[PDB]
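Next comes just one chain, in structure tokens: the form solved without the partner chain.
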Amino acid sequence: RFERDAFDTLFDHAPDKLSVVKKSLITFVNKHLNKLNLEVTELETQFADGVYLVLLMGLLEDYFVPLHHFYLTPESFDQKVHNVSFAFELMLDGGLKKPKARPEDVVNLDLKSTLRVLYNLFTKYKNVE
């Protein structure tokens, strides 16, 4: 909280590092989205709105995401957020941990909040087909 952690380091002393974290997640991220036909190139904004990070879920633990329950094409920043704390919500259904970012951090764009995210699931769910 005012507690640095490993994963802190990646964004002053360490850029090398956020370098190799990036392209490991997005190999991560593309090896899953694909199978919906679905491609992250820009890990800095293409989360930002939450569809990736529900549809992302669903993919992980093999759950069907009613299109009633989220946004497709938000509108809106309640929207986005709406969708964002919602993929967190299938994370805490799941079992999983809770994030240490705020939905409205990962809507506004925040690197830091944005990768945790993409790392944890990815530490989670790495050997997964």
Given for the second form:
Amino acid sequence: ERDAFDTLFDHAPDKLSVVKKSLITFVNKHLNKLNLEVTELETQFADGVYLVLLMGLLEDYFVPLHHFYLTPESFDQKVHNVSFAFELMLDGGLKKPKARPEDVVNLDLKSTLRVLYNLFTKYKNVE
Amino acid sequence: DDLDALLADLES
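Taking the form solved without the partner chain as the starting point, write out the structure of the form deposited with the partner chain bound.
All chains and molecules follow, beginning with the one already shown.
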């Protein structure tokens, strides 16, 4: 199903930097609590590591480090991390992201932004 | 218009 991010990547790429920067601040607002920082949304979320930890942060807890792969050895360990974060998104009562977990690992920015914006809409007010 | 609201949402 087509949405606003499809409009952004096809017809308005000039607005992309504005999307990137605001989602960077939202993501850093929580990840800075763990002494972590995100400068590039594409490459820094492909691990799943930050995505998993962010999910805990948005629900106000440290995720046990053995629940996922802190240093993923392969593509399939990275895919597991992402889908594990997706399951945490379901636990938080959020609607399932319309993105394949493989795309996040494969550095699909459109998919990553969609996932991150889903978190934004729900966790807007969370300090 | 749908993209305009998205950008405004992120800018608030």
